[PDB]
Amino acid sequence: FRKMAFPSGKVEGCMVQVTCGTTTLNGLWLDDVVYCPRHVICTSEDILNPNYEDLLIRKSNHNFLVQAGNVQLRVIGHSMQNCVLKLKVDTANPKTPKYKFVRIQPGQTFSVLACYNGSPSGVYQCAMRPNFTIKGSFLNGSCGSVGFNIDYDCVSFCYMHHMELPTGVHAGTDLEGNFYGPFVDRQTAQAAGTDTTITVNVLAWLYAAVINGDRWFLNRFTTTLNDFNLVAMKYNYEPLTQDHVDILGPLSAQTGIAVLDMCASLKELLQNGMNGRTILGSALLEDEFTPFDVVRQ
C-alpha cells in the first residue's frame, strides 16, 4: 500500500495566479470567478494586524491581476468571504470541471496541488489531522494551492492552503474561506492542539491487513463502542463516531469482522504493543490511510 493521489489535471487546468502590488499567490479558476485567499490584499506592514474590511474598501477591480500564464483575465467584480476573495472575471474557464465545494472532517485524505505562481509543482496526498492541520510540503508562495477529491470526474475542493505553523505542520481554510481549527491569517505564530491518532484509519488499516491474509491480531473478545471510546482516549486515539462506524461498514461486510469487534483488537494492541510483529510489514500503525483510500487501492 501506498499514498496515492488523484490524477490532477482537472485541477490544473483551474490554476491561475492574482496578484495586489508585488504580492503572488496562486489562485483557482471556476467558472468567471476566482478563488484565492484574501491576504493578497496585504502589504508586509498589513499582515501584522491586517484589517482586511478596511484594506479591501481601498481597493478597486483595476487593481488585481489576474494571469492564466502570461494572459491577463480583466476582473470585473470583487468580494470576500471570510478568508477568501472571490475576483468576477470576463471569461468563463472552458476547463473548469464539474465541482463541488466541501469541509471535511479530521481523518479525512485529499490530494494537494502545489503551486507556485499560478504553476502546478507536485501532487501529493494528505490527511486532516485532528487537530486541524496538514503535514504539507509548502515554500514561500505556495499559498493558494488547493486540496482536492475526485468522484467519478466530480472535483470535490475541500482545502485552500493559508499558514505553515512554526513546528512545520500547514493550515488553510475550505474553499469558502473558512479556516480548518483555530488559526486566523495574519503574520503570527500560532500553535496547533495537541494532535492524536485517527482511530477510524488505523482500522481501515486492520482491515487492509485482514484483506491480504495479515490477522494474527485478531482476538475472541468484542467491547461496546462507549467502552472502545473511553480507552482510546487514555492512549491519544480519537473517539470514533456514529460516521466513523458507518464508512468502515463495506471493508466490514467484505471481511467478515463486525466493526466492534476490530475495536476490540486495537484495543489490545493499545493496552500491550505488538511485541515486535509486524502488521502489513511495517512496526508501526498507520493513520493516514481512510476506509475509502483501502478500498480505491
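Residue numbers count along the first chain shown, from 1. What changes on going to the form deposited in another entry:
- One rigid block turns against another between the two forms, and the hinge that joins them sits at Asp195, chosen from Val40, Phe64, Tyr235, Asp195.
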Contents of the next structure:
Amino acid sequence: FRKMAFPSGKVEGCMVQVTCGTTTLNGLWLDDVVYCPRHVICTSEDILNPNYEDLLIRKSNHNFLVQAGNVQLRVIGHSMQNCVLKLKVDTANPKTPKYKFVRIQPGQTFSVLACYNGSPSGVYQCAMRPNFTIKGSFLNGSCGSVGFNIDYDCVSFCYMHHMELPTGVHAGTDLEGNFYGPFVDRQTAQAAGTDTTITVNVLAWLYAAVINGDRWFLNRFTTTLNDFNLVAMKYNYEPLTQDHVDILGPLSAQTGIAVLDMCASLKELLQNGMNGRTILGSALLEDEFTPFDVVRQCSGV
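Switch from the form deposited in one PDB entry, shown above, to the form deposited in another entry and output its structure.
There are no partners or other molecules in what follows, just the one chain.
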C-alpha cells in the first residue's frame, strides 16, 4: 500500500506554455481552447489589487504567447470566466481526450500533473483539505497545472493551480474559474480556516491496514455514530455522517469488521496515540485516501 496516482499521459498531451508580457505559466489545451489562470496578465505593478476586467481590456490576442511543445499556437480570441482565462486558438488539440469539468468536495482526492513552462515534471496524489486548500508540491511557475481523476478513458478535470498561500499551502479553482474556498487571486492577507481531519478517509486507511495484515489496533468494542462523533469533535476530526458509513460498506464487508467497530478502534487511538507503533509504515493517521482509493488500490482498477 502506498499513495498512488493516475497514469498521466492523457493529460500530458494537453499541457502548453502560456506567456503574457514577461509572465510564463502553464495552460490546459482542450479542443480549441487554452485554459490558464487569469493572473497571467498581472504585472508586478498591479499585484496588490488588480482590476482584471480593466487589465484584460488593455490586452490583445497577440499579447498571449501560447506554445504547445515547441509549436506556437495562434490566439484568435480571449475571454475571462471567473478566475480563468479562456484563450481560443485556431488548432484543436489532436490529443484531446474525453473529458468533463467537475467541482470536487472537501475530502476528495485527485492526481496532480505538476508542470513548468508547459512541460510535465511529476505526478502525485492530493486531497482537497476540508478548508479548501491543498497540501501540494508546487514551485514558482507551477500555476496552471491541473488535478484530475481518470474513470476509464474519461479525464475529470477538477483543480487548476493558482497560488501559494504564505502558510505554504496551495489554492486554486475548478476549470470554470471559481476558487475553492474564500481565496482571491490577489497578493493580499489571506487565511485558510482551521484545518480538520477527514474522518471517513482515516477509517478507510485503517481498513487498508487491516487488509494488509496490520491489525494491532483492532479492539473489542463497538460504539455509535453519535458517541464516536462526540469524541471526534475533540480531536478536530470531521463529523461522520451516515453516508460515510454507507460509503465504507465495501471495505467493512471485505474484512468482516463493521463500520462502528472500526470507529471504536479509532476512538481509542485518538485518546491513546500509537505509542511508538506504526500503521502501514506511518506513525500518524493518514487522511488522504478515500474509501475508493483504498478499494481501487486493493482491487487493481
